Amino acid sequence: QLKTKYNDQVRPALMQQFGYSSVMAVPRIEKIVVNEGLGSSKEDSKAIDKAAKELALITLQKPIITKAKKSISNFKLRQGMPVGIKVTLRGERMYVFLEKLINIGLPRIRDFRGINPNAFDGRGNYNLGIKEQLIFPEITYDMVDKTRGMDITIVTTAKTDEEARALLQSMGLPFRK
Amino acid sequence: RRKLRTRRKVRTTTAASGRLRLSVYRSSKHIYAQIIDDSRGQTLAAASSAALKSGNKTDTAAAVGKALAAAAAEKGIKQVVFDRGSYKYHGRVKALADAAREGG
Amino acid sequence: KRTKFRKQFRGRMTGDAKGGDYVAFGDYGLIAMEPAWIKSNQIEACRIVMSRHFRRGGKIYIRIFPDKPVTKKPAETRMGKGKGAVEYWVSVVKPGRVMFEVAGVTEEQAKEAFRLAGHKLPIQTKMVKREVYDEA
Amino acid sequence: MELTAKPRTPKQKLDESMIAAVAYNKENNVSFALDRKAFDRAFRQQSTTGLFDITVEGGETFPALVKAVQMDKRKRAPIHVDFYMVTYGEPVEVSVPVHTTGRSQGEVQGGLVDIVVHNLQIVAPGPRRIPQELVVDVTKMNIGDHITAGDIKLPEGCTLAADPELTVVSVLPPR
Amino acid sequence: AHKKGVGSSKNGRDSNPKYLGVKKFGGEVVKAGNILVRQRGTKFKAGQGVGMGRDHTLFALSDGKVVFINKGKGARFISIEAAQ
RNA sequence: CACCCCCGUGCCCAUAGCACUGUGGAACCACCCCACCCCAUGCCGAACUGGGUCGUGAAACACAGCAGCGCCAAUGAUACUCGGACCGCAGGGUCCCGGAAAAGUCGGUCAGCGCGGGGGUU
RNA sequence: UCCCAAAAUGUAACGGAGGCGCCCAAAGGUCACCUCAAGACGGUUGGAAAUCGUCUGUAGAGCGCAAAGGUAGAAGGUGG
Ligand SMILES: [Mg+2]
Ligand SMILES: [Mg+2]
Ligand SMILES: [Mg+2]
Ligand SMILES: [Mg+2]
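These protein sequences, in sequence, are chains A, B, C, D and E.
Residue numbering for the first sequence follows the UniProt record's numbering, starting at 3 and increasing by one per position.
Residue numbering for the second sequence follows the UniProt record's numbering, starting at 8 and increasing by one per position.
Residue numbering for the third sequence follows the UniProt record's numbering, starting at 5 and increasing by one per position.
Residue numbering for the fourth sequence follows the UniProt record's numbering, starting at 1 and increasing by one per position.
Residue numbering for the fifth sequence follows the UniProt record's numbering, starting at 2 and increasing by one per position.
Each hint should be verified, as a subset may be incorrect.
Claimed, not checked - Residues from chain C shown here face chain D by an in silico Cβ test under 8 Å; the list is partial:
#: 1; residue: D20
#: 2; residue: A21
#: 3; residue: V132
Stated by the list, open to error - When the alpha-carbon atoms are kept at most 25 Å apart in a straight line, the in silico BS3-like pairs for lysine-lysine are as follows:
#: 4; chain 1: B; residue 1: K16; chain 2: E; residue 2: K74
#: 5; chain 1: D; residue 1: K26; chain 2: C; residue 2: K133
#: 6; chain 1: E; residue 1: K11; chain 2: C; residue 2: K87
#: 7; chain 1: B; residue 1: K10; chain 2: E; residue 2: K44
#: 8; chain 1: A; residue 1: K44; chain 2: A; residue 2: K148
#: 9; chain 1: D; residue 1: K73; chain 2: C; residue 2: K43
#: 10; chain 1: D; residue 1: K75; chain 2: C; residue 2: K98
#: 11; chain 1: D; residue 1: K140; chain 2: C; residue 2: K63
#: 12; chain 1: C; residue 1: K72; chain 2: D; residue 2: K73
#: 13; chain 1: C; residue 1: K85; chain 2: C; residue 2: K72
#: 14; chain 1: E; residue 1: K72; chain 2: B; residue 2: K10
#: 15; chain 1: E; residue 1: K11; chain 2: C; residue 2: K8
#: 16; chain 1: C; residue 1: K124; chain 2: D; residue 2: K67
#: 17; chain 1: C; residue 1: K133; chain 2: D; residue 2: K67
#: 18; chain 1: C; residue 1: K130; chain 2: D; residue 2: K37
#: 19; chain 1: D; residue 1: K73; chain 2: C; residue 2: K98
#: 20; chain 1: C; residue 1: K85; chain 2: C; residue 2: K98
#: 21; chain 1: C; residue 1: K72; chain 2: E; residue 2: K11
#: 22; chain 1: D; residue 1: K73; chain 2: C; residue 2: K124
#: 23; chain 1: D; residue 1: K73; chain 2: C; residue 2: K130
#: 24; chain 1: C; residue 1: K133; chain 2: C; residue 2: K98
#: 25; chain 1: D; residue 1: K37; chain 2: C; residue 2: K133
#: 26; chain 1: C; residue 1: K11; chain 2: E; residue 2: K11
#: 27; chain 1: B; residue 1: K16; chain 2: E; residue 2: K44
#: 28; chain 1: C; residue 1: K22; chain 2: D; residue 2: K75
#: 29; chain 1: E; residue 1: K11; chain 2: B; residue 2: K10
#: 30; chain 1: A; residue 1: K72; chain 2: A; residue 2: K52
To be verified - Computed spacing ranges between beta-carbons, pair by pair:
#: 31; chain 1: A; residue 1: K69; chain 2: B; residue 2: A77; range: 49 to 55 Å
#: 32; chain 1: A; residue 1: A121; chain 2: C; residue 2: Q12; range: 27 to 33 Å
#: 33; chain 1: B; residue 1: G62; chain 2: A; residue 2: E134; range: 53 to 59 Å
#: 34; chain 1: A; residue 1: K69; chain 2: D; residue 2: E165; range: 34 to 40 Å
#: 35; chain 1: A; residue 1: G82; chain 2: C; residue 2: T7; range: 35 to 41 Å
To be clear, the hints were calculated from the coordinates, so they are not data collected in a lab.
A virtual CB, placed ideally from N, CA and C, is assigned to each residue, including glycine.
Sequences and hints are given; from them, build the entire structure.
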């Protein structure tokens with residue numbers, strides 16, 4: 003259930019593409035997340051439930067309601083009010099969910115076509131802007147509530163995006179060529 | 008990060024005290040259960056686990072604590088103070104602790 | 005002219021120049037030689053006159069902005085407190101200071117663009133030229 | 001410039017037309033006091049990019065450079081001067097004025113060219129051969145032509161301390 | 002009544018009696034109890050042998066000689082280098 | 001203080017800080033590994049924490065170079081002023097006598113000083 | 001509480017500005033731990049800010065209200 007090819011396909015193939023004075027120094031995958039900034043436009047002390055319950059059955063983890071920065075800008079804004087959600091993955095659960103995505107997530111996406119190239123976190127880290135959650139190997143409309151979306155963060159010791167991109171894809175990743 | 012050791016260290020009073028402080032570098036498995044006197048940047052006793060360990064390093068825990076309390080004795084010390092660090096008074100450290108907190 | 009926003013009032017005191025360079029923004033400049041209050045309408049009276057003389061170029065620098073509110077008599081009385089936040093705005097000038105300095109136009113075609121401007125000033129000035137090299 | 005005295009007390013000069021400078025480098029920062037008139041006629045030309053003869057009373061010619069002059073306000077007259085003795089192969093950094101030549105193609109056109117920065121400073125001058133001026137092309141310049149440091153031809157060697165893309169002269173529009 | 006404000010805005014009456022400062026300067030033979038410094042924030046921090054009132058004040062715990070220490074500003078300290 | 005370096009803890013607390021560059025590994029450090037439960041992250045043993053290699057030195061760290069930036073910062077002359085003595089209707093200003101800046105310039109430096117434990121000089 | 005007040009304190013005016021007549025079972029005692037504003041790049045209803053993420057970051061934020069001093073080795077932010 004992964005990691006060998008992780009090192010292998012990546013690490014080796016890397017030096018066998020790169021030249022790392024170490025095995026440690028090679029870019030890796032620190033953590034994958036899921037921000038659930040719902041509400042605000044939808045004040046549903048009801049829908050908040052849709053989130054976690056779900057997010058949790060899709061990442062296998064209880065997330066945090068990343069409440070309002072206490073920001074109360076002109077428009078609908080206020081003190082610290084539940085608005086979004088944080089769900090940090092790293093390692094096992096990271097990889098366990100991760101693989102799903104690389105296998106069933108995107109692959110199982112009607113209208114799917116791959117993923118934009120253009121470097122993101124020039125910090126060698128990738129950013130993943132997801133949407134319609136109607137492409138999950140765990141999401142069910144015939145046992146849910148309404149229907150939403152979500153964003154997932156790619157964290158990697160990837161120094162440069164050069165090395166990032168590589169790793170990124172080696173472990174598995176769709177690029178729209 | 009460094010807030011923690013400075014929080015503990017600071018709260019740990021210096022001269023107003025009179026007492027002595029006992030450090031500990033148990034972040035690694037190379038502790039030092041050091042003992043220093045207020046003013047003069049002088050370490051009196053001290054009982055790490057450097058001279059071997061017989062395999063124990065998280066294990067030699069109380070060995071060094073007991074190796075220390077015992078130590079001071081050959082200086083005769085009644086009052087001391089636990090200037091631990093980031094280390095949140097748990098196990099490996101409570102070792103040197105209880106250990107010395109009686110070995111003396 | 006009049007500042008854009010601020011506190012609202014002030015006071016009064018004096019002592020020789022402090023931040024009035026010399027050459028900068030041009031070759032020719034006009035310098036004030038006496039402690040005074042320069043009315044904002046006394047600057048326009050200067051700029052505007054200077055413009056006319058210059059059929060183009062605008063190389064006129066007015067570097068003495070009105071950072072000051074003065075007050076006045078609501079008519080007479082004296083039994084009330086602070087008065088007239090709005091009489092007018094002035095810009096305390098001190099000797100050696102540089103209010104004006106044209107640019108591009110002939111000496112003479114400048115020794116006149118000032119002369120005039122002088123005639124509407126409460127203080128005596130004198131035109132300066134170059135050799136101004138302190139900080140830059 | 002035969003400066004002769006050099007004491008903390010200037011009564012003997014303040015009344016008698018005599019400026020009062022100081023010179024140095026890192027060795028000797030000899031107290032000083034030169035003559036009004038002379039310096040007065042002097043610095044005009046060589047300005048700060050001109051080393052001159054400093055034979056102090058007794059005769060000891062020395063090489064320096066006009067570093068910083070602080071004159072009286074109210075009275076255009078100068079009061080104090082700093083002479084930073086020349087060097088041999090490296091002084092520090094110097095202030096060199098920008099100049100124009102030949103009518104610009106913006107002048108007759110309809111506007112006037114403006115010199116955003118009169119005197120310009122470049123990194124490392126070069127003692128013995130330090131540009132006592134700096135003529136620059138302007139002609140080309142039309143209605144909005146800005147010239148910078150990355151342009152001005154330098155005198156074989158000299159490097160520009162002033163940031164490149166910094167406009168030294170532009171031809172300002174009309175009115 | 003009417004239809005305006007209560008009191009005329011833009012006034013100037015009143016201010017406050019106020020105090021603060023330094024009660025005991027450097028070299029003064031302080032004493033047990035003596036107050037040496039009244040301040041608002043932590044202008045001077047309770048050095049060695051000085052207590053610290055709830056109002057950031059400072060006082061002596063024992064007797065001895067008043068002592069001042071200014072480390073590049075920001076942090077100040079009053080101490081007591083007793084004679085005895 | 002035999003020579004060195006390493007780890008911990010001080011004084012000092014930017015002329016002891018940054019950055020850019022190079023050096024170090026299996027003594028020490030760290031990363032790294034697993035971690036059901038001790039104890040734990042309002043989700044994540046990331047951090048706290050428990051049990052330990054290998055591998056690495058890449059990162060973090062230590063050290064060393066460097067001064068491009070920081071920080072330090074003269075002298076000279078000036079601002080200002082205690083004291084004395086004058087001017088101008090006034091705004092303001094002056095002489096003699098001491099004190100004497102700030103900014104900038106010269107130049108200065110990338111510390112220095114302790115205690116203790118460890119491991120080396122095959 | 002600021003300024004006036006003339007670098008100790010104090011010091012007037014129908015001088016210049018502004019707040020109080022409360023509030024908090026916890027916004028307290030103590031014991032643990034975290035640390036800010038903000039910009040930039042990259043990311044979903046979003047698209048101006050705001051949520052997530054990654055760099056910079058004497059703190060340019062915060063501190064129940066008015067201001068001042070003060071403060072991150074916390075008086076800033078959670079829990080027993
Ligand atoms: Mg400075
Ligand atoms: Mg005197
Ligand atoms: Mg006097
Ligand atoms: Mg004098």
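Checked hints:
1. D20: 6 Å, holds
2. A21: Cβ of C:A21 sits 4 Å from chain D, so the hint holds.
3. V132: 6 Å, holds
4. B:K16 to E:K74: 23 Å, holds
5. D:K26 to C:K133: 35 Å, violated
6. E:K11 to C:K87: Since the Cα atoms of E:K11 and C:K87 sit roughly 11 Å apart, the hinted pair holds (cutoff 25 Å).
7. B:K10 to E:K44: Given that 25 Å is the threshold and the Cα spacing comes to 23 Å, the pair holds.
8. A:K44 to A:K148: 12 Å, holds
9. D:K73 to C:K43: OK: D:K73 and C:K43 at ~23 Å, within 25 Å.
10. D:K75 to C:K98: 13 Å, holds
11. D:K140 to C:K63: 21 Å, holds
12. C:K72 to D:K73: Answer holds: C:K72 to D:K73 is near 23 Å, not above 25 Å.
13. C:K85 to C:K72: Distance of about 19 Å is within 25 Å: holds.
14. E:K72 to B:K10: Measuring from Cα to Cα gives roughly 21 Å; hence the hint holds.
15. E:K11 to C:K8: Holds, at about 21 Å.
16. C:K124 to D:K67: 39 Å, violated
17. C:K133 to D:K67: It holds: about 21 Å lies between the C-alpha atoms, which stays within 25 Å.
18. C:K130 to D:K37: 22 Å, holds
19. D:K73 to C:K98: 10 Å, holds
20. C:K85 to C:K98: Outside the cut-off at roughly 30 Å; violated.
21. C:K72 to E:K11: Holds. C:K72 to E:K11 sits at ~20 Å (cutoff 25 Å).
22. D:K73 to C:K124: 23 Å, holds
23. D:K73 to C:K130: 13 Å, holds
24. C:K133 to C:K98: 19 Å, holds
25. D:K37 to C:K133: 19 Å, holds
26. C:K11 to E:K11: 13 Å, holds
27. B:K16 to E:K44: 23 Å, holds
28. C:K22 to D:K75: With Cα atoms ~14 Å apart, C:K22 and D:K75 stay inside 25 Å; holds.
29. E:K11 to B:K10: 48 Å, violated
30. A:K72 to A:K52: 24 Å, holds
31. A:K69 to B:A77: 49 to 55 Å: 53 Å, holds
32. A:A121 to C:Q12: 27 to 33 Å: 53 Å, violated
33. B:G62 to A:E134: 53 to 59 Å: Holds - the Cβ-Cβ distance for B:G62 and A:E134, about 57 Å, lies within 53 to 59 Å.
34. A:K69 to D:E165: 34 to 40 Å: 46 Å, violated
35. A:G82 to C:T7: 35 to 41 Å: 40 Å, holds
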